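Start from the sequences and build out the full structure, keeping to the hints where you can.
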Amino acid sequence: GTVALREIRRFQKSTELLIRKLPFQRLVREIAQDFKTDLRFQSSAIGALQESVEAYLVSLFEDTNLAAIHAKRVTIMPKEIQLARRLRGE
Amino acid sequence: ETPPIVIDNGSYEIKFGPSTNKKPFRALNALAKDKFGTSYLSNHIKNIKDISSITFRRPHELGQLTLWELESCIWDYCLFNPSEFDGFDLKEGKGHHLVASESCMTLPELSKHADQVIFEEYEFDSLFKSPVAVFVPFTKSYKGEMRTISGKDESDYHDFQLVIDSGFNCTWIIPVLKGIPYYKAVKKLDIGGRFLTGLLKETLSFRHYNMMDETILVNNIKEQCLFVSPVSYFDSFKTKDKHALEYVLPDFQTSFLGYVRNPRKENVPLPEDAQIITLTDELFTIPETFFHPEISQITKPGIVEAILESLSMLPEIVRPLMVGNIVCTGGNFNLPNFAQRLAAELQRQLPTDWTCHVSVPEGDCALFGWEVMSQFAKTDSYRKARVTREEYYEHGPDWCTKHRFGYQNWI
Amino acid sequence: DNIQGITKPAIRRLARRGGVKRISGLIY
Amino acid sequence: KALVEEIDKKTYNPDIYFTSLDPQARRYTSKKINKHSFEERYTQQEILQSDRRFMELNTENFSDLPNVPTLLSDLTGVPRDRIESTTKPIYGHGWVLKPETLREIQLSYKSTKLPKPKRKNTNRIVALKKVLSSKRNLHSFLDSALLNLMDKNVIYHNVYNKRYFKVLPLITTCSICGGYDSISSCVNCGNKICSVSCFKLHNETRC
Amino acid sequence: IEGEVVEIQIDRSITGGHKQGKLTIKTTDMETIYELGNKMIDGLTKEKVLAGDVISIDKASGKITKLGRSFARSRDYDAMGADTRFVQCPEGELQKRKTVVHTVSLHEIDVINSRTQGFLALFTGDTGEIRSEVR
Ligand SMILES: Nc1ncnc2c1ncn2[C@@H]1O[C@H](COP(=O)(O)OP(=O)(O)O)[C@@H](O)[C@H]1O
Ligand code: BEF
Ligand SMILES: [Mg+2]
Ligand SMILES: [Zn+2]
Ligand SMILES: [Zn+2]
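Residue numbers (PDB author numbering), protein chains in the order written: chain A, 44 to 133; chain R, 2 to 155, 182 to 438; chain D, 24 to 51; chain S, 2 to 36, 84 to 138, 161 to 277; chain U, 136 to 270.
Do not take every clue at face value.
Restricting the straight-line Cα-Cα distance to at most 27 angstroms, the calculated cross-link-like pairs of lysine-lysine (DSSO-like) are [claimed, not checked]:
(1) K95(R) to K200(S)
(2) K190(S) to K92(R)
(3) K267(R) to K292(R)
(4) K233(U) to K270(S)
(5) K198(U) to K262(S)
(6) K269(R) to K141(R)
(7) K233(U) to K269(R)
(8) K157(U) to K33(S)
(9) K92(R) to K183(S)
Keep in mind the hints are simulated off the structure, nothing from the lab.
Below, the structure is given as structure tokens:
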């Protein structure tokens, strides 16, 4: 059979946080240098930030996907993103 | 050597034997190689220790065979290994004739290939190849066991006949009249052993863990644990809760083949570590696809429609004759209750005036057809209907496949 | 000057996380 | 009906009765709302999909999954371009000619052997050698003129049905399980569902 | 068959289909689509029924019992002026199997089988010496 695998190992589909650790860390140190030069980033408490940012993003894509299906279209234009930004309140 | 050698070449397994024997010699017709490269011949597939991940190749496709290399090698294997197949022994088979069974819808070019490969390499002397259909009428020549089931109630070869074969490749329905089968009312059903195994895979995948790479388990399960709905789809569904079977995974460390158990019987109380798959619905739902192909959402008409239309092509005078004597042939027909179910269905479809009867050979129909062909070799009409070496030599390979055994000639 | 560190396939799987396999050319 | 009812003379279609909670208050056909052979009930696309599902049920291994276009082209003579474009589907692959098995078969029959030479050198022998090293595809059989067109006609249309495609009624039971009572069609996917568990299992992947 | 109905769609008479009608049913856990078979539409058009309420329909009997008005949103049915028998809320699944028990006296059976319409005589009291063969 070719379905039961997709039934017994697909009882648990989760998906994960993805933004790469080293590039993200380099980026945040880069935008932290100008705010305060020689800012030593503690290697802890950065996973919590790197989960919170992704959470807010996936909220933004779910809102823009709702807006997209509201426009009978699957692709994303800048209009959806900017109105999501404005209507959320920032 | 007066008695020929009878070869019923099957797409799944071939049946080779001397005309003297009463039972054929069974040899697989396939090639399965382990993923590590150690290939194994067809007869040696059953002795392997792992069946989880194999690469398969079967020379006989849906229609017929194209490349004769593997078939020639397997024919030599069953013709030049007296040790593995006891009793049989041969040097050249020069004076030995050949009795073969090949389909009536063969490709004329492929028929020429078969004729040349059987004659001009192994150096035969006389050949006779014809579909398994025409020989079954010869059942009136020799006494045998033949269970005739009535649809309505709750020379020597028989001119009137209508026979259905259902093997691994596909299904063929043939009308035979005057000993000369009709080649236009013939109808082919694509549901064969392959398609039933595929449906089994899909429906277990709808129920229990996948095995799509492991097809030998599929074939064994299909041969073992299925049974045809005795009365109807719904009433057989009412038995799904009460009746159920349980198969156990074959642990290569412990047992190369698994087993099926019934919870009612306590003769096997031994617990086992491996996982057990419960089959409660697919035992009877699977055979139903012949009468209801649309269960698997196909546009295929069905068996009953096929036989009805094949009867419709036949002339009206000969139409009632065929249904009065029907013989069941093929390895798929060994499924229990299939013959009675199809008999009830077509008798219900056919009107009241004519009563149709279905004759079942007990057990598998493969050995029944093989012993029928052996009787044909015994039957002396084969002497008058045979050909010689000088006939093959004086003409070309095209004449032998286009005049005597050609199918357009008998159309 | 490493804002471009976040690669395009990262954005594509970020969109895949939120559903809909449709992705524009400047959503990144 | 309750006697004496008020109507406003507008619309008032006695055979049209539409009632909802009014979340959209739109007819499904207000203005074309959008944007017995089985070959008739099921269109050409549907019967071709049934056919390619049939051929994909024919195969017993991974390797023949890309062999489906070749097999279907051999069956009905359709180029592989439209097979790969419109079907929308779900050395062991290249026939049995591996030399490894060719030399391994020697150990298969090595228990007893007594071969002798009896052969000549003629055109028939050359053709026998060609057949022995066959390595041919059904596509090569059909493209070449080695088989008569009348043979193609009597091998292709001697099997198909053309007038009666169904003689028994269809059960039309749920796809997942076989709940035979209180069957119903789904809201979106349009496939019959029977049980709550069946709907839960169907709404995720099949629907 | 029980649950909240949310929309009925009814078509005209067409060559392809005598009547193309569909019903949508919402339970506490399931939403499903039913197709009408050219008769029960007369059932729902005999009396003015409307969506957004819990109804009970029997597969074999074919009777439609409107139990009142569903719960859905409180405001939508909080200004109807009482009525609807204190509304209702869907409880379980779509279809189940239940048992109906009817208690009847024997004399009621003789009165019922005595005449064409004896259940009227069960109130008017004009049975009139039912024959012994009936008993
Ligand atoms: N007792 C049985 N129950 C169910 N299926 C069976 C039984 N015996 C044989 N079969 C099936 O019949 C098929 C054998 O077909 P076969 O006669 O080899 O066709 P061919 O002659 O065209 O090769 C096998 O695939 C096997 O699964
Ligand atoms: F060659 Be078979 F029995 F289909
Ligand atoms: Mg065979
Ligand atoms: Zn189901
Ligand atoms: Zn659905």
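Item checked: Numbered hints the structure breaks, given as an ascending list -> 6
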